[PDB]
Amino acid sequence: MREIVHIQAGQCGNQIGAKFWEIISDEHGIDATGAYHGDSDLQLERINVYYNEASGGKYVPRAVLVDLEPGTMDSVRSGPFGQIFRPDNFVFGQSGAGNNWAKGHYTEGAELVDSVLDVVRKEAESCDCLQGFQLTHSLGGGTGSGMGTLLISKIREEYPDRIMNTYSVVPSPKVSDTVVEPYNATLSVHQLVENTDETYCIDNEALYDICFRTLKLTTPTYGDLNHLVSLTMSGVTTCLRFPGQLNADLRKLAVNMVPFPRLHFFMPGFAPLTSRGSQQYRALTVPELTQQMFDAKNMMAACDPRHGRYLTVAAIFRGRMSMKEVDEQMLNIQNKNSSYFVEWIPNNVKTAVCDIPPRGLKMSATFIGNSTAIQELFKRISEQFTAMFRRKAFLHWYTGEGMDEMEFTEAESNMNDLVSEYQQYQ
Amino acid sequence: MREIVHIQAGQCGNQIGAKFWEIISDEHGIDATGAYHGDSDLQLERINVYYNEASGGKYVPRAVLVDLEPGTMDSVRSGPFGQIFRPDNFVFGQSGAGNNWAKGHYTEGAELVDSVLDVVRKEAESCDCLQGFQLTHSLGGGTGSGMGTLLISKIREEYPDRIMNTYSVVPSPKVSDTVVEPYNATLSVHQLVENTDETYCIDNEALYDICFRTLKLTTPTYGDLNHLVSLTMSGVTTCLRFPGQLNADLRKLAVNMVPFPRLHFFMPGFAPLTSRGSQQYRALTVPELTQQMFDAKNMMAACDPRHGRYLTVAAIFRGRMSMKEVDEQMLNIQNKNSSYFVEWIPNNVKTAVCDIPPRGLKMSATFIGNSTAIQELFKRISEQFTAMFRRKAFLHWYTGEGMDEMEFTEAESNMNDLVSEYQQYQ
Amino acid sequence: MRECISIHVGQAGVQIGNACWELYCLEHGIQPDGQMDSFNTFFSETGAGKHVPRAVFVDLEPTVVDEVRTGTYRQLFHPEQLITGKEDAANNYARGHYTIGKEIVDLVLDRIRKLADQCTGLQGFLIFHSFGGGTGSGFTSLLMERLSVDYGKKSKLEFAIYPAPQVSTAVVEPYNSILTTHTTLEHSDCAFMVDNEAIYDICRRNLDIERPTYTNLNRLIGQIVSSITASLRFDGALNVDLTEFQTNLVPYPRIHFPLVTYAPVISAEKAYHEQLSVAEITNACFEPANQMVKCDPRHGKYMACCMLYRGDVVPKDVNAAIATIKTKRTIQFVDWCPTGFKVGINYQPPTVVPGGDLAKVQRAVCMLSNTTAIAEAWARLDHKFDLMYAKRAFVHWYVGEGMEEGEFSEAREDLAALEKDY
Amino acid sequence: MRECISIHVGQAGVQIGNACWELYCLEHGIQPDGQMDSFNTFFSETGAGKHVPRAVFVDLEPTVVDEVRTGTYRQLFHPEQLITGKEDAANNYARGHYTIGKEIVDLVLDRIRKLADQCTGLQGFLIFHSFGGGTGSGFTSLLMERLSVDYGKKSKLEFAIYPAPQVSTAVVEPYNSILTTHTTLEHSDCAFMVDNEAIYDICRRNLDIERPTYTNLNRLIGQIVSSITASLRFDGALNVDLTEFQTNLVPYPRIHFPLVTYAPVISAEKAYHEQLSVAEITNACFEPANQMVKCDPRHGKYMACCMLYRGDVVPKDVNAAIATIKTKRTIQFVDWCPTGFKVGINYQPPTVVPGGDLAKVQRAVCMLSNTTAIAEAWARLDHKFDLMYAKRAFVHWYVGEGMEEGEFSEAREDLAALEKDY
Ligand SMILES: Nc1nc2c(ncn2[C@@H]2O[C@H](COP(=O)(O)OP(=O)(O)OP(=O)(O)O)[C@@H](O)[C@H]2O)c(=O)[nH]1
Ligand SMILES: Nc1nc2c(ncn2[C@@H]2O[C@H](COP(=O)(O)OP(=O)(O)OP(=O)(O)O)[C@@H](O)[C@H]2O)c(=O)[nH]1
Ligand SMILES: Nc1nc2c(ncn2[C@@H]2O[C@H](COP(=O)(O)OP(=O)(O)OP(O)(O)=S)[C@@H](O)[C@H]2O)c(=O)[nH]1
Ligand SMILES: Nc1nc2c(ncn2[C@@H]2O[C@H](COP(=O)(O)OP(=O)(O)OP(O)(O)=S)[C@@H](O)[C@H]2O)c(=O)[nH]1
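Residue numbers (full-length UniProt numbering), protein chains in the order written: chain P, 1 to 426; chain H, 1 to 426; chain S, 1 to 36, 47 to 432; chain R, 1 to 36, 47 to 432.
These are computed hints drawn from the structure, not numbers from a lab.
Straight line, CA to CA, 27 Å or less: simulated DSS-like cross-link-like pairs of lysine-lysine: (1) R:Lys280 / S:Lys124; (2) P:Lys336 / R:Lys401; (3) S:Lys96 / P:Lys336; (4) S:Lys164 / R:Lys336; (5) S:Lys124 / S:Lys96; (6) R:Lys394 / R:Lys311; (7) R:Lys336 / S:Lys124.
If you want a taste of the chain S side facing chain R, the calculated C-beta under 10 Å gives, among others: (8) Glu55; (9) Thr56; (10) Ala58; (11) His61; (12) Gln85; (13) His88; (14) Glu90; (15) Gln128.
Positions of the beta carbon are idealized from the N, C-alpha and C atoms, including for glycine.
Between the sequences and the hints, there should be enough to build the whole structure, so can you do that?
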């Protein structure tokens, strides 16, 4: 019943997916092994969406792990909840792209592609009905972006019907983690624009800002950031996986949030996110979340929406709401924030509610915004690519691996077309 | 319901605000943490005017703390009732204006202004209806006066509807606490006259005189002074916060006591104020208070009203009175003190009574006076400014921070115009 | 059947209405819950043995209305007849007429409309408010013109707490009084002036109460209104209708400001030594100091008089006393009104409230007179306006609410015309 | 005997059906097991003392239907009536009309066919759905054309949840609403609009509920449907049949969108001190703000009105109230329809659901009016379409499901023709 395949690439993607799997197991009350230990029937009512039955009353996640090095997958296997995965699902190479898109898409990916397509086909056909695919990777690294692009290409030419979303981690503008990250970003975007239905942009610098200021934590770690992204993912999927007073699914979000085929890049946001002390000084009410809902500080995307305009907005809530108040709250947001909202989309706010709240929180919300702020980000990458292409810096690695200057020219042309369309619709 | 935002600046402002918050919590029956422990329903009937209902039978004050140094706010946090405040509401600088208005308004205020406006907008919109803003600061210091002027300017250009009152502490004429205090006073007054609806003048020397003579205490402390100012503030607001046989609010006082938009400076007064042994030698009757309210000794403004004339007088009372007696008493005051009262304002006395007496006193009264005595104060300041401007003493600090001699000239011209208007209306 | 609709505006209106409703409920034996024929004239019986007054309480601030909600009579009033605002006019007529009233007048209009739809013999409207309060002037005037344009010739009575020449809480009372009087002159059929200082003096010298609160004043006002309404709520030898009040005491439409007086106002200990006669109470009532308006009627004249006796008073006795006092030279009457009297005898003794300052007695009289002394105060009031307008004091406050500076002068000259009409 | 067939499409249909059937089972004393004569009109007694509703639940997503399977009324339905899809239309009328509905409409067609074969006096069909929901538009349209072509002139009733102009969950609501309205315009015998924000308001400031959930909305909707069907399920002075609604409230076949109103809407706390008569409830119902459709009828006119009074109401009182309101100028009727009134009196008091916001009362009125102001909203809705079509936004989504760009334009011009028909 609308089963979902989980695929992760690169160290970042694999760690985030691991965190997401622990979060999902916590939500469904599954032990560290896989045995069912839920407290309500609704926990197992849609358990098959992210799990498959196993003899002995066990449950195995519907996940596939992909890498070009056997280290981070080994760490995931040895990490917490390492026994929930069935070992046969793991697939990895032996070379390592080494932060090179050409290596991760044409030389070292051409051999792992067959295995990963075989395993994803096995997962698809062995299930009842595949609603879609959720992917987890980053556009900066080599194997991550290249493998993600290859998989989305093959899946799209294989399943032109099911919708897939990519939780790609945009490279942080504040530090160029990889010197060749503009090239990887450009190529990954040039593939995602056509071969992926929609994307969510998540930045490490915004996560750091939230952890230091909003969460007020002195020692941020990758675990906490992965936890936040996993909470966002679980909140997105809870509408499908749990009953709601106003239910929704992935297709509802795709239809609501996509006004044009190529304008499918979104900003995720979460609330509430309070430190240890402030939790007892906030009335856990819907207004307390709507005041934390529309502002640049709470958006984990490195782009200020106030400069641009919101094309569309979606809000998924979890808990005990009298959502006529939510409706009038969205009306007030439209009223006072009319400047930031687009004009030719009347009532551009979509709202949905899921009954069961996430574990540990009586009530929460999640924000999915399509706006023109990301354009800036995109725009920036453009010139950086140019800044690293006019001098022909680091072109030897890509040129020797089978790429071409015409390939980069076409990718940059399409990228500039995308940013121009975003600016035009402002 | 007519919620009020509390903002404090500088060491004096923060300490007075802290004392005021303990006084209010005592009045509303709030424990040392914030849990409700009132004895009557009327305590929680209007509790929302100065509090917000946190989750789990908890109340947090509607307060904002602003400073350019992180020290005195730390003392507030560690002081009594330190846990009642919401920790995130605290806003602190890192430089310190150092008794420099230019530093506190152009150099170091330009970065904290964004945060303080953000938090004040948060408090305003998170509430139902914001009746007005009450501030607490001192014009002698640098960060206090500068931050207060910046906040009033931003609020006035943001909310031109809600009246705000400032409990500014006038610099003491008897000692020049800081050599540059005339400049700060002049600039702060020049901003207040245009961007503040009313102001109360309170001088430390008058409080010392009351403590030594009227209160008969051997060792005055800043705690007692802040306690008296807080008692005055609570007596002013008890008309709004508690039911009264003749109710009143801030707008009533503003309309009654303001004959002209620019002549909006006031004198506070409190009664009864007796030593330990005197309480058993004076009856707690209304005449015993009316004899105590009308005298230069009990005015916390360093200026004798007998030299000038009373433009308007407002009197708020608390306790068990048959206020027709208050009416005939005000008639006696008008009759005998006819010389000290203005002639072209028939029945220049406003009167109001609040049912609930202050904690610890069965019956009390508070006095708000608009008169021409404060003129002398302002008048005096002018010469000091001139005496400190012809020699160009200490002009380097303000000149280097972006100000100008023309700015001081315009401020002095406005001050002279204001004092001339007060003199002309005598 | 012959119902009447009550309106209370401002804090004074709310308190007076509370006292009046408790007094009537005690008179008819109505419990604070609402349980136990003329009661139908003021209280609708709904469902079974339950009764609710036909009252509307409105204010721009929620304090007094909320206090009423928490009062013992909460079980009496149905919840939504009580109206609350957010910002009070704050002794500003413009604030209560243009800022807040212009968007909340429709609420009270709908309330009175639904009250009038279930009443078929509506005699008229009663309004209680205060000139000094911004709400009680502005919103009163606004709803009053709405009622007038929705009803035309329907009778309306006004109970205005006229601020004293020296007891006036708001220093800006002359501005609001002049503006609201200009606004209400044309359509208010009959307004009754009441002086707070006069009530204070009467209570302290006659009832011998040193320290009375507003509770005693409200008791007196409720007794006055009960004496007025006893004709409709009880049978009598000569019942008087509300329309007859505006038929008698209005020689010309302009001058419609009659004052009121009560008798007797004595304590129980005084009541032991005093036996009631129609002549004694009538001459005491005609004594100038017994009036609750600080004006000497002998400084002017008399245009009309209306005695309301309640209890067991023989009509011959009333006629004898009235004729004898008419023969007295102490009070002068205007030439063109030789017969300007009206007498209403009712068989209901005045109601006594427990703990009340008034003592239960068999006979009582309420007097209504349209004397000429009232203009005196008006002139003085107009003078006050001058002293507060030559310097243009407080003008900016009303300018900020949307007024026009010319309206002040227009109201001043209009009230000067009203004064010189005498 | 005189059975009626219920159909519920989409999540809104499923929830409304759950509430309405629990209300009916409470009304007849039906246990959740189905045990315990007019009940035969909705529940088929089969086997032994076991009654099952004639209800069909259909949805493209198995969430709400499965929740019904796990509900307290699980054993009330024989498990074959509940229908589940696999993929929801996801706020896409094209998806619910062409992709999935085209191959699953036959299942529900067979279900309703075998339900109708065991009924001999089938009056008609009630259909519940929402315009905004993709399922509630597409599948409703498809099933409704199937019913129309399989039955011709058989009466059909539509209970549509008209999305509010500003309270609309799906941002693509205008496209689906326009498409489904064009597609069902020809066959729509009589469709009822319901604007969610209007129910929110009516609940919040009449029932004084600060935070209501769809539970209370469903309670009100079930009460409305019970009031409509009480004529068939109970006796009265003047019973009304389902055909009579489409006979009366359809001046012309094109304009068949009447709105609905209910009265009273109060809690027991107000109900203690309030009585009920035909006049008060009727004039409250005729008040525009009491309508659960966000329009001001005074902006337009009235073509027909049908008031169902349930309880113990005297017909003479109904006639007097209706005539008096007809004399009132506040409501204007079209010239060529001077007599457009229908009155149905039923002796069954309105059933109160345990824990429900509504308070049990003796009298209740449900009003169904055809006003012109509805066209206003349609025009506004059409305007929204332009604002979302000039840029061709979301066009690709519907193109992917097999739509043609000409369908949008033809639907837009068709609804423009509908609007200018007024
Ligand atoms: N005699 C008498 N007068 C009262 C009583 N209560 C209030 N008043 C009068 O009311 C006046 C105050 O003005 P209000 O009408 O109450 O003002 P408000 O109710 O706050 O309305 P706004 O002025 O618009 O804010 C005083 O001058 C009193 O004379 C009462 O119980 N008895
Ligand atoms: N008034 C009211 N409206 C409801 C209720 N439940 C759902 N709705 C309406 O349903 C709309 C949401 O779309 P649905 O009708 O549920 O569509 P769906 O069931 O998801 O089917 P698809 O759109 O094809 O996916 C909202 O706009 C609500 O107005 C309810 O209980 N009461
Ligand atoms: N949020 C989050 N981001 C991470 C985490 N770990 C790495 N990243 C981000 O991922 C980006 C690098 O992606 P990465 O997966 O390491 O590239 P790769 O191609 O897989 O690298 P390799 O396997 O060829 S060696 C960096 O920008 C880094 O900030 C993590 O645990 N959480
Ligand atoms: N009444 C009262 N006055 C105080 C108190 N503390 C300081 N003051 C007064 O405040 C004035 C100085 O203001 P202050 O707040 O210290 O300036 P500042 O600009 O904030 O100083 P800084 O923060 O830059 S270091 C002095 O005249 C002093 O008398 C107090 O506790 N009670």
